[PDB]
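First, one chain by itself: the form deposited in one PDB entry, in structure tokens.
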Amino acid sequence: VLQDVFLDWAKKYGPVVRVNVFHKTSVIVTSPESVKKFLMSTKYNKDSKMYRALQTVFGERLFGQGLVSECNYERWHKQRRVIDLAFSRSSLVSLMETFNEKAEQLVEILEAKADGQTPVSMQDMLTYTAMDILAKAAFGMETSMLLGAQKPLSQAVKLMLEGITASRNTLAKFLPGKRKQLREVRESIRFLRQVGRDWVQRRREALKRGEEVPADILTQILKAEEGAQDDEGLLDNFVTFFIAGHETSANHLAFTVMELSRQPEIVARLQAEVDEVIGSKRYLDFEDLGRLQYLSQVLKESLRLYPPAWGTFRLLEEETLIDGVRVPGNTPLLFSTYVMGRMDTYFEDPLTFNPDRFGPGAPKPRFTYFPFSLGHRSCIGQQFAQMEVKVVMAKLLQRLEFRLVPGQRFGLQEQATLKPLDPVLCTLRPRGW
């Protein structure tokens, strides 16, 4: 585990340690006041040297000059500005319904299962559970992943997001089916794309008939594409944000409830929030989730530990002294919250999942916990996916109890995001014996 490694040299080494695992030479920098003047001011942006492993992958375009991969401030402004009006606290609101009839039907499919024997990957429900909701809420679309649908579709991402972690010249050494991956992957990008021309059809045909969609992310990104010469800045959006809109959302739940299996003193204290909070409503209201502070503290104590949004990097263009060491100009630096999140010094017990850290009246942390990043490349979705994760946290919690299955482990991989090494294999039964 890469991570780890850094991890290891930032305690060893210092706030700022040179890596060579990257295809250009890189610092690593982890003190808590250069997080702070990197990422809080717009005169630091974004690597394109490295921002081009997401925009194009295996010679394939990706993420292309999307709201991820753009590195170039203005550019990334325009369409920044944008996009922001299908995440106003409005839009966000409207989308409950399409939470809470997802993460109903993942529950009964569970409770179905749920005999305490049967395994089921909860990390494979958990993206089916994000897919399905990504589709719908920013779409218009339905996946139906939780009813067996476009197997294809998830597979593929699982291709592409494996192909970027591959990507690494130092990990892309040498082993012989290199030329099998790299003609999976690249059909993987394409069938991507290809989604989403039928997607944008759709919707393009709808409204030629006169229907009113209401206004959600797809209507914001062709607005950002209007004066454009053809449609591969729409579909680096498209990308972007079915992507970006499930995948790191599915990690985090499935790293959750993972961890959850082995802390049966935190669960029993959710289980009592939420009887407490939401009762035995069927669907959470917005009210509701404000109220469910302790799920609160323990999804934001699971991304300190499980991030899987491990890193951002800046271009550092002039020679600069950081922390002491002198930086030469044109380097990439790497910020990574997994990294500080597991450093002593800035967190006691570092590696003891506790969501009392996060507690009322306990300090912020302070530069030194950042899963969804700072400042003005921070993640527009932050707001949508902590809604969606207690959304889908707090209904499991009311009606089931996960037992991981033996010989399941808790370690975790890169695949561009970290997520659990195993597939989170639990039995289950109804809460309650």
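We call the rigid core whatever largest set of C-alpha positions still superposes within 1.5 Å between the two forms. Residue numbers count along the first chain shown, from 1. Compared with the form deposited in another entry:
- In the core-superposed comparison between the two forms, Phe22 has its Cα shifted by at least 2 Å.
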Second form
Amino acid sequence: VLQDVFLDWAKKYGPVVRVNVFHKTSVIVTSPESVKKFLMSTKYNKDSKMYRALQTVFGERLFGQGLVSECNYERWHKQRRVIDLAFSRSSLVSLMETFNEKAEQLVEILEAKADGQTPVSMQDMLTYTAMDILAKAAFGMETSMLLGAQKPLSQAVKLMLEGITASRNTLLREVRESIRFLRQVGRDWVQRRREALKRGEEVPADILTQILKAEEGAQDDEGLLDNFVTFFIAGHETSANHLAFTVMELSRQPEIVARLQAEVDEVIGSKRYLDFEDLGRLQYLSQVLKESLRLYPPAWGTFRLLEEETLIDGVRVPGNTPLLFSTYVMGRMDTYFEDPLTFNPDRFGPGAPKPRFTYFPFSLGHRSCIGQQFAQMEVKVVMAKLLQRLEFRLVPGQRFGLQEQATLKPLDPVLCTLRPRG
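One more: the block was the form deposited in one PDB entry; return the form deposited in another entry.
So it's only the chain below, everything else dropped.
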């Protein structure tokens, strides 16, 4: 993948290198001090040039000026300030019911197939789960993709994704159809929501709540669709990929798995539901998930606009330049991580110095992932429940490896046979 080329040029040509990404030129910056400087300061903002191909796609607007697309600091801080509320400790804690429900449903579906012969795309399974969690926790809707439902909606997302890929690398407008379908799904849910809140009905505190709250005084509900499609995608795709990677990797780490089983047996035993309080105790699982994001971050990095020509690690960089930051790249440099290709959870063990600006799967600073804790909670619940109940062996001819689509994800879907643990 392209990221591997950047890795090689970073190792070979130093901490500051000019490259072509998405057919614009920019400078990839791979020193931790530069990461700190540019990401930990409100002075530096996203580069609208890089994000415009995501703002709109093949004529149909997609993410618009959503919470991710929006580059202007002030328009952004307005949205963020209110959407933050849907992510407070109390909000997250009230999500445990949704996470538990969906994870249990997944484990049940999978146990039904666990004869050691039926192959299963863990990639697909993990995606339906992530989408079901997101759809309910964010918008209060049941999609039931784990149970065969909303197949069209599933296809839209699928194509809408391939679309974005092409939209920004191409050296079949089902895509435009899809982008529209998605936006209409949004219109419908936003609607079902208003229609219930004008039956004066008691609806609890969602992400959806806050996005509407932030689109007040808006002549159109077009920015409200922006945010809808934004969370709808941001909120399931990278989590599903993160899951898929972790499972791909674990299938060839029997020792790691043993220690994880051991751990989950103690912390949760055989209870069906994890309590919010249990998550904190899943120390070692948490290390595994970190080491997974280091080698396989679904979101490889971010861009910032350098406006004043500045000096960067002894290199004059011209003003108006897109700076590229890559956690994928840094994760794989022997300069920052000893023996980088080796998957080792102890890197994050208690007592190890935390990586210092060389690891940022959720990015850093004011534009960091608003959903970080949400995703870390969700991901522990699903992994815990898998570890508690199943064993996964990978089917022959499945490659370990990676592809650079809209985000990084496993090269092959992750085909496995399953046995009940025992």
